[PDB]
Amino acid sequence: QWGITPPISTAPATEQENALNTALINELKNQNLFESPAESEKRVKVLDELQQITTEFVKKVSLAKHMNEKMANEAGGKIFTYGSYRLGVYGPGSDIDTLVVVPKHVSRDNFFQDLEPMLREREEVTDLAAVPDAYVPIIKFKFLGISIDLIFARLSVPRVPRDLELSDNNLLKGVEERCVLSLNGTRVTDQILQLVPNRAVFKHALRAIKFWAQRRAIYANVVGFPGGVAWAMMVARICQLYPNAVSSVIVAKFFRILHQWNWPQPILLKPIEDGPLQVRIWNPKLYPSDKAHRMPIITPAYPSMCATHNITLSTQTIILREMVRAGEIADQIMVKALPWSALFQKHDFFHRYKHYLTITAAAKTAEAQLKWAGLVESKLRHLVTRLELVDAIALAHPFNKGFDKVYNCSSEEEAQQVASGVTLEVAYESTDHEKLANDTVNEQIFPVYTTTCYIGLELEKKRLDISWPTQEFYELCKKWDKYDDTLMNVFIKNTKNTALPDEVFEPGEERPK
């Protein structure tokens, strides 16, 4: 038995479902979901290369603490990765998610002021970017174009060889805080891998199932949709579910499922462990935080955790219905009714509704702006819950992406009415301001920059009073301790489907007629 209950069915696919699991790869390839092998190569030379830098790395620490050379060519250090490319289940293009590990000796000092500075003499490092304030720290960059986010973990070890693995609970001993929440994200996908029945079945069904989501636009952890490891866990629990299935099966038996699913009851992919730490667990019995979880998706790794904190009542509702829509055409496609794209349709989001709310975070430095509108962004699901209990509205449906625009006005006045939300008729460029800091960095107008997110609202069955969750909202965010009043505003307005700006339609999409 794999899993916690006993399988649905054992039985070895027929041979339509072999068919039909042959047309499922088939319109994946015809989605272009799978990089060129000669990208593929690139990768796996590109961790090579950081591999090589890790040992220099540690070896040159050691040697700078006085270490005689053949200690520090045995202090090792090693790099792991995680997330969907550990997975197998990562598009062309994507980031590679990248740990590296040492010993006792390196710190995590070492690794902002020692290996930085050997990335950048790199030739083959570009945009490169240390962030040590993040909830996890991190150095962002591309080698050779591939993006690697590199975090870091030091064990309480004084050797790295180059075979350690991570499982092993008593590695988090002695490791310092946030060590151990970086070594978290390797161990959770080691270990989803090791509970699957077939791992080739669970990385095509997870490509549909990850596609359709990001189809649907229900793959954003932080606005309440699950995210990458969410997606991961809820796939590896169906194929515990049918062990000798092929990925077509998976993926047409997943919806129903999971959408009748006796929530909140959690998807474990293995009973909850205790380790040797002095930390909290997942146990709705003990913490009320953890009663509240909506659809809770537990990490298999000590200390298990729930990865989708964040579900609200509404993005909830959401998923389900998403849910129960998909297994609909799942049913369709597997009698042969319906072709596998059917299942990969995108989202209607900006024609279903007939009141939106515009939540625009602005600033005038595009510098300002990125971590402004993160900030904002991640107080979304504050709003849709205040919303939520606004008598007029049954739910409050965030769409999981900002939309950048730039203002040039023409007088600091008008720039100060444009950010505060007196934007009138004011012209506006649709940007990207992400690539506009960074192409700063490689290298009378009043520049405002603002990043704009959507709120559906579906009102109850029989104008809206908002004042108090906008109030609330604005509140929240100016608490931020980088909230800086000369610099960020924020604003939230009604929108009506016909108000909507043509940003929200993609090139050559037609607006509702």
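Note that the rigid core is defined as the largest set of C-alphas that superpose within 1.5 Å between two forms. Residue numbers count along the first chain shown, from 1. Compared with the form deposited in another entry:
Just one of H351, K253, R215, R325 moves its Cα by 2 Å or more between these two forms on a rigid core overlay, and this residue is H351. Annotation for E56: C-alpha shift under 2 angstroms between these two forms, rigid core superposed.
Once both forms are fitted on their rigid core, the CA atom of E388 lies 2 Å or more apart between these two forms. Comparing the forms between these two forms on their rigid core, the Cα displacement of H433 reaches 2 Å or more.
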Given for the second form:
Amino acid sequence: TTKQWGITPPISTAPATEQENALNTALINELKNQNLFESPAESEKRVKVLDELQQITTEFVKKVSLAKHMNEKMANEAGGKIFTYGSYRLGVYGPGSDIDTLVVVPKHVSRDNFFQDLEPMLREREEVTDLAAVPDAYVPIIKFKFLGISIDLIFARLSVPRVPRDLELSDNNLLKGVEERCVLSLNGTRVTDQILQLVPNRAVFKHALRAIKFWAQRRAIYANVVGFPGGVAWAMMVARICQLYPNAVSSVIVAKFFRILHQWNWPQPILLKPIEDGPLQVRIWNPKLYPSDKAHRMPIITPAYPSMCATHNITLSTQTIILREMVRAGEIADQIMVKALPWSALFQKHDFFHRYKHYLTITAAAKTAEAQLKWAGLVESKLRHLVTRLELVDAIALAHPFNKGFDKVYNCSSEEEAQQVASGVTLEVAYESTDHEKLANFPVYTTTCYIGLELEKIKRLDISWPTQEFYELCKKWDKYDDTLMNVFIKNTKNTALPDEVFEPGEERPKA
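Go ahead and give the structure of the form deposited in another entry, now that the form deposited in one PDB entry is out.
Chain alone follows, minus partners and molecules.
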């Protein structure tokens, strides 16, 4: 019709039939029955919190500017604006979900002023509790809970001497004079905005992303750190289907989502807009000349400059899992559109611990809980490096990483017994199950991750080389010492799986 969304003409501009619109009402009703819509009183609280954090940013930049001997007029008009991105700005977020915030300041407020001046401004503010402002080891990030609302603040330094109260990060010229670390930060909110503008109907895009993100979480194909696409990645995938069906309702989008994507001839990338060149001369994802961007299995390119592949972590094994989970979800999507299945049938839990014969048990142990959290985060981060080395053997045809990890606390008696727990030997020892840090500032805390295996297939298999590389890769961490932390890998058959991986009532594999 009179509208052309996306980089290709749509598949069908047809309106929604009475059945499609009725199924859409059933889809939204099912999403509400899972408490995926938060509450009107809680969203009003997030708005008052963000406006409260915006008043602090003006107070923050004004104090740092006066310390640089700025005039009464310049320090007043220096400004400083806070932005948001991620699940919150897309409008798709459940209760308790964190608000991915981002602070923008002029260049005269350095990253040193971000941790030295803003952190005390938050504690003295009587509404901030559990503030864990970690000095930058990766990206300048600060986590806290303003009025109970969890916030993840990311620093960004602009070269422009003043940031007005009504600034928009759409102009590509603002990236000039900004360090590469602070450029990728701004790219988070630039892509979140570009997504909401390249879709025909925004309301249809939000309901569809709710069901697709929920389905991905319920099947453990949502974690980015292990090789599965992230939230922004899934948002761009449902955005592309919304473009091809402009006047369709959310139920139609979800049903057509699984079919179109698993039959998509990869690695033909998904683009929400034609890739635009910019001022800075940096890589802009061209698989024809860059061999690194060519090897991307399922490329999903962000529409904001510079255009990067959000799904570059995807390996051969993760790709096969995503394609197979899309095929199953599609068949369910086809039978719910004919009223042969309820919408709740799509959000069924995964069956990871019943799909493979051999599971690779990967645990990380430490003496204290503070060290355990830091150590468990790094071992999980290096998990995608292990499946890539396990794919090279191809006596293993598939190395499926698992989403989360199981935390158990051992209460050892003797010092010689804790050294066994810290190793592959696990006797009959008491293991309490926990989630996170305790005490609020001989026990051995562990965190177990799994990797499913499908074997290609003579008499035995030796994965000693990838496991040894994984050991050195985790112990190369600069914040590590073998006096407190350790990591080991073990084998586990179907029958040898622990009781923790099964919820009450499940049938363990008896083979």
